[PDB]
Each structure stands twice: as structure tokens, then as C-alpha cells.
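As C-alpha cells, one chain now follows by itself in the form deposited without ligand IVC.
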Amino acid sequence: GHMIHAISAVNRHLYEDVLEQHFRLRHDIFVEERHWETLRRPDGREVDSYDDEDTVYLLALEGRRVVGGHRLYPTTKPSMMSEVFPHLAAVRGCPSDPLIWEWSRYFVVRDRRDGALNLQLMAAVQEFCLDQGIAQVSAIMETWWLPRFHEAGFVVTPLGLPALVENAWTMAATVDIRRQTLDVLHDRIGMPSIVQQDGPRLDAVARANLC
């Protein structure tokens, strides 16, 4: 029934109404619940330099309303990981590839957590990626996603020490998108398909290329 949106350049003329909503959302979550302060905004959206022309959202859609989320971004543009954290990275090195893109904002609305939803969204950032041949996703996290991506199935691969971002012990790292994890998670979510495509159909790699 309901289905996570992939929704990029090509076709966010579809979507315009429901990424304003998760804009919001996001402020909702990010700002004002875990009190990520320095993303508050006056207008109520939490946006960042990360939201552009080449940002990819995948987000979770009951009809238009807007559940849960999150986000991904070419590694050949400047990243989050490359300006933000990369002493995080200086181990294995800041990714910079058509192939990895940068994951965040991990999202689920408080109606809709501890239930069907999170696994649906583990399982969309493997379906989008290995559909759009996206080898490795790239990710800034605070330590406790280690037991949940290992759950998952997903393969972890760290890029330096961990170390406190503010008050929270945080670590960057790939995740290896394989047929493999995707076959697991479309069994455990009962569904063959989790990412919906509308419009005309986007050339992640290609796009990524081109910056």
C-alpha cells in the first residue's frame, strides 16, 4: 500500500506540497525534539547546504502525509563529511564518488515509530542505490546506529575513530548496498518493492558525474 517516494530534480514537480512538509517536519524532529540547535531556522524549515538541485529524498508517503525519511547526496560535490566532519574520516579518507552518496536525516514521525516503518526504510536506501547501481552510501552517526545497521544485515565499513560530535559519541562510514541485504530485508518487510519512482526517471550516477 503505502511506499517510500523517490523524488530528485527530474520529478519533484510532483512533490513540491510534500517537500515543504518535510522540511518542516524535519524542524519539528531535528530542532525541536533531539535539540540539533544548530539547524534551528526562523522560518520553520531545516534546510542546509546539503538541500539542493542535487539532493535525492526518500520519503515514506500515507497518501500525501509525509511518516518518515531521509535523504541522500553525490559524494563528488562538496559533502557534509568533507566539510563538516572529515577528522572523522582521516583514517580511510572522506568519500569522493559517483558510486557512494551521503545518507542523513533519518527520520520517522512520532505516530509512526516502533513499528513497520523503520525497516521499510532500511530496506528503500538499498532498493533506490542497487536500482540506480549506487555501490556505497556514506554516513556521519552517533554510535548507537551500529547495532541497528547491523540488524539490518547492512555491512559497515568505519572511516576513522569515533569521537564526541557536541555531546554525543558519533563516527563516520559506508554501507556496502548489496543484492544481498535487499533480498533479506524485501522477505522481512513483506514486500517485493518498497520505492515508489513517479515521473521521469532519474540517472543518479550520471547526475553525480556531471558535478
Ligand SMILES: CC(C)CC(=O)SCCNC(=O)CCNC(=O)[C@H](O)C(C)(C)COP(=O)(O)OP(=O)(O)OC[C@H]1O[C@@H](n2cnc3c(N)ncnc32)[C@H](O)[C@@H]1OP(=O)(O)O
Given for the second form:
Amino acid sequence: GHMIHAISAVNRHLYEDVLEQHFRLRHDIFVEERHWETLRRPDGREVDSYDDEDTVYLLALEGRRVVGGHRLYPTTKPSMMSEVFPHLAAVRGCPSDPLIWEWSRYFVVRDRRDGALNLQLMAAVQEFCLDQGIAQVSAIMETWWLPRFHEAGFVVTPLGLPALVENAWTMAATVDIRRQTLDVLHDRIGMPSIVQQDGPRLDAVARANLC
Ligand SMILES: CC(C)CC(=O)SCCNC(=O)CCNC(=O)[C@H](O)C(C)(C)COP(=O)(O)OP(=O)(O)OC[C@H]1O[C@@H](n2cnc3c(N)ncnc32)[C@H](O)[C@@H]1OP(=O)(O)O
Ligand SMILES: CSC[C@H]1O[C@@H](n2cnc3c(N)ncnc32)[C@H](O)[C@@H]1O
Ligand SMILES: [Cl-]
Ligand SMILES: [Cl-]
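Which structure goes with the form deposited with ligand IVC bound, now that we have seen the form deposited without ligand IVC?
All chains and molecules follow, beginning with the one already shown.
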């Protein structure tokens, strides 16, 4: 059926129209729904400094329609946490490791909310990272994510004190990538695999080491 596609520099030649579609959806969702005004752009494309040649996109596709997704960025490069929110990780420190990738821009289009897609996206990050040998993901997230992580069996390590970010309680954390976590989620989503990887093989950890 419908899968989450891993899109990176090595295979984005197969996904250019999907990528542009998702940048516009990100504008509709993060700017026009969430009112994250600092991200507003006059081209109607929500693209930031962490959308470059090293970004990996995990996008939920129904045919060629983007219905959800999230992205991963190597912490061996300057990251959102290290550059924008380092104060959120003052207790434990901002991650910087080929085996830790920064996880952001999680979305589900309105048509697919409160359905099966959300748990599939949770499974997708675990599946991709385990495949790649990535040990943890790091994130800056609003505190309402904590019960969502717990519901999916995500092992969470807070990195600092929660703080207000533009009127919203926000925190920095890592999530442990676990085979055990993934196995339970595969059972729950009723599929042995949720991540589709078309085109040339991606060696994410090798690429992060170059950075
Ligand atoms: C990598 C990640 C950890 C860091 C991030 O990227 S944070 C960015 C979060 N993204 C967004 O807010 C984009 C706009 N929203 C969406 O795409 C979706 O609403 C999702 C957040 C993906 C959740 O979709 P899904 O689980 O399918 O279903 P729902 O939308 O009904 O949400 C389910 C329950 O999640 C909670 N929730 C979702 N959005 C918010 C919010 N803004 N503030 C507080 N709580 C929220 C809420 O409990 C909701 O259930 P109800 O209380 O509405 O019944
Ligand atoms: C990630 S927590 C949500 C807050 O982070 C902000 N944000 C998300 N991405 C970026 C970025 N690349 N640079 C600066 N602020 C950002 C949003 O505008 C919102 O205020
Ligand atoms: Cl661009
Ligand atoms: Cl984000």
C-alpha cells in the first residue's frame, strides 16, 4: 500500500515534484496553520537553513500526493538546536555526532489526521534510523509531544529545562532508536516495513562523517 519514502541527495532526482509539493505544504501547515511567522516566505515555500544537500526527507506518499512527513538533519553540521535553541540543551549539551540526527517538521495533512498515518510516521523514523545505524534522533519540540512519544514507546532523554518559545512551552530532547520500539510499532501498524527507499543506496552515517 502507501509508504513513507526516504528522499535524499542520492535519489532526489526521482522526487523533485514531490519535494516542491512538500515545501508548499510546509508553508500551509507551519506558517498558515501553526502561525510560525518567522518561517513565512513570499514564494509560498517553507524552506530554512536546514533544507540543503544533507537533509533527508521521510515523506508519506499516496501515489505522488504528499500526505505527511518529517525530516532528518546531521548534527555534525550546525543544527537548529546548536544555532537557534542551544539554551534548551544547556544541561546535557547539544548533540554533535554522525550517529545522532536532528528530527523536525513533522506533519500530517488535515485529510489524514486522527487515522493510521500518524503511527506510521512514528514507525518510519525508527525504521530508517535503524536501517542506517543511526543511534538517536534529537529534537526541539513543544511539550505536548511527551505523551505522544510515550504512547509510541519512544525512549526520551530531556537535554535541558523546558522554556517558553514564542508563547509555547518547548524543550530539547533525544529519542533512542530501538529495534524493540520498532518491532512493537510494526505489530501495531500491521506492516513489516513502512519505509520505501527507491534509487541509489543512501549511506547517511558516511555522509554525516564527511561533515
Ligand atoms: C519531530 C517532532 C517531534 C518535532 C516537530 O516537528 S513538532 C511540529 C508539530 N507539527 C505540527 O504541529 C503540524 C500541524 N499538525 C499536524 O500535522 C498534526 O496535527 C500532528 C501534530 C502531526 C498530529 O496529527 P495526528 O496525530 O494524526 O492527529 P491530530 O492532529 O488529531 O492530533 C492528535 C493529538 O495530538 C495533540 N496535538 C496535536 N497538535 C497539537 C497542538 N498544536 N497543541 C497541542 N496538542 C496537539 C492533541 O492531543 C491531539 O488530540 P486532541 O486533543 O485534539 O483530541
Ligand atoms: C521548533 S519549536 C517551534 C518554534 O521554532 C521556530 N523555528 C522552527 N524552525 C526554525 C528555524 N529554522 N529558525 C528559527 N526558528 C525556527 C518556529 O517559528 C517556532 O517559533
Ligand atoms: Cl530553495
Ligand atoms: Cl520543526
